[PDB]
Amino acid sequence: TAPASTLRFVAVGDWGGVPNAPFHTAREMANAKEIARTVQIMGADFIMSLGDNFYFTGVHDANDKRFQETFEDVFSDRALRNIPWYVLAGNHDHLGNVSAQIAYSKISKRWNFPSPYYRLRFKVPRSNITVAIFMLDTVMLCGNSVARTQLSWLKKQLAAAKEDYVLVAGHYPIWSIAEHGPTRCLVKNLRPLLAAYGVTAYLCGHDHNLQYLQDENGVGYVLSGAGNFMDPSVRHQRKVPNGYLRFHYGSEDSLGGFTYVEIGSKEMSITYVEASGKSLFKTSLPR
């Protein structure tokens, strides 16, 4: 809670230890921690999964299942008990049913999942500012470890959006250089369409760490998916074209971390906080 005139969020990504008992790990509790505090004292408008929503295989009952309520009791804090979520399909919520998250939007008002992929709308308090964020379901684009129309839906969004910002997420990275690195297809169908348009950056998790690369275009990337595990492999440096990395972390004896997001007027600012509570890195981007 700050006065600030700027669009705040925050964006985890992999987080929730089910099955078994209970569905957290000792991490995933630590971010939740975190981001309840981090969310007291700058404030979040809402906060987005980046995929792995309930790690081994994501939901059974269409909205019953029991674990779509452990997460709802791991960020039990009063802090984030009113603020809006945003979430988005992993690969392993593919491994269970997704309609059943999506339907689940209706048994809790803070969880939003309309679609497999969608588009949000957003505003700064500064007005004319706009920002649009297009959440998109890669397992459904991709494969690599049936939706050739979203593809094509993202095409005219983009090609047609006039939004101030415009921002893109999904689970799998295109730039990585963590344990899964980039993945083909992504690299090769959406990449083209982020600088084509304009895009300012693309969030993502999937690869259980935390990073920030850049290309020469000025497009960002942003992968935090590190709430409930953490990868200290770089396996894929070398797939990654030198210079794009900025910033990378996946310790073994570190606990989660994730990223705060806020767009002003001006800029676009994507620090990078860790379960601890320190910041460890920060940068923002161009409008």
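Positions refer to the first chain, counted from 1. For the two forms, the rigid core is made up of the largest set of C-alpha atoms that agree within 1.5 Å on superposition. First, how it differs from the form deposited in another entry.
- In a core superposition between these two forms, the Cα of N63 is the only one among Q40, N63, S233, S254 shifting by 2 Å or more.
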Second form
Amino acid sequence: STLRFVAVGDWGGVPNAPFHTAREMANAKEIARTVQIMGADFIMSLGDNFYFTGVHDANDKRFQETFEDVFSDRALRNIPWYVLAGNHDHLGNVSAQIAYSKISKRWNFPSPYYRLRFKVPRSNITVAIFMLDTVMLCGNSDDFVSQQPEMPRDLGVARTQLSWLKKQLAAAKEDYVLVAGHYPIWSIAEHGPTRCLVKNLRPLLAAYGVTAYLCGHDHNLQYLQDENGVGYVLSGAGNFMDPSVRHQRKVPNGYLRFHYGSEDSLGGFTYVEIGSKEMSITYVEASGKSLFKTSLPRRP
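With the form deposited in one PDB entry done, generate the form deposited in another entry in the same format.
Chain only, nothing else included.
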């Protein structure tokens, strides 16, 4: 078989009851239908888990109303979720989202950033994934008028995570290596590229042979690929859909391979399947149709 998972981001419903939106429910439904057909080993969250100010504590009702009861289909039962934090989560209590891992079996958020290691059946194929906390690296975009994470709140905190990732990447023996964070490195939409990540994270990717970087933040679906062969998967349409293509001129020519952000769309997510020969990525719209699909070679 193969390693399979769903990647969805920015799905955190809303602050007022019922605490979920039509788009979030449509995506939850289609995620269930996808699982019923292809199956899934786990679901990855790319940040902005609870709009617009995260949660207060680990007993916050939002955990049941925005998460548990939305992804309640029988098919989604028992499927593990690996979470990472976005900027809106940081306006609240992130320690509470980490502590919730001890309350809900499916919810796995051991710390701000961590390493995951998977071993694909039969195949000798191994996969490593590094979940980052880009807010601790670039600061909260909500703290600035430009809406761009200008600088980290703490030097030591940022410097340490970068040192951790570099040492982890310079030792990973896995066949596939993925890195995920909320903020985008490359993006043509509303916010566009995050200067801090382009200057501080991007360089590490090609140097150590990273397969791809996954993220959300900009509310749409995108696939970009640089000249070194690294893939950029943007999946932040789990709750909103922003049509903007405002920063397409800020992305190097040739990088944009796919984009969809129609405001009349219910949103979407991605389905990833990693096999012995390659990793494929399918973009699925909540309505039920697959919009695009690409593959990425195995790491030398």
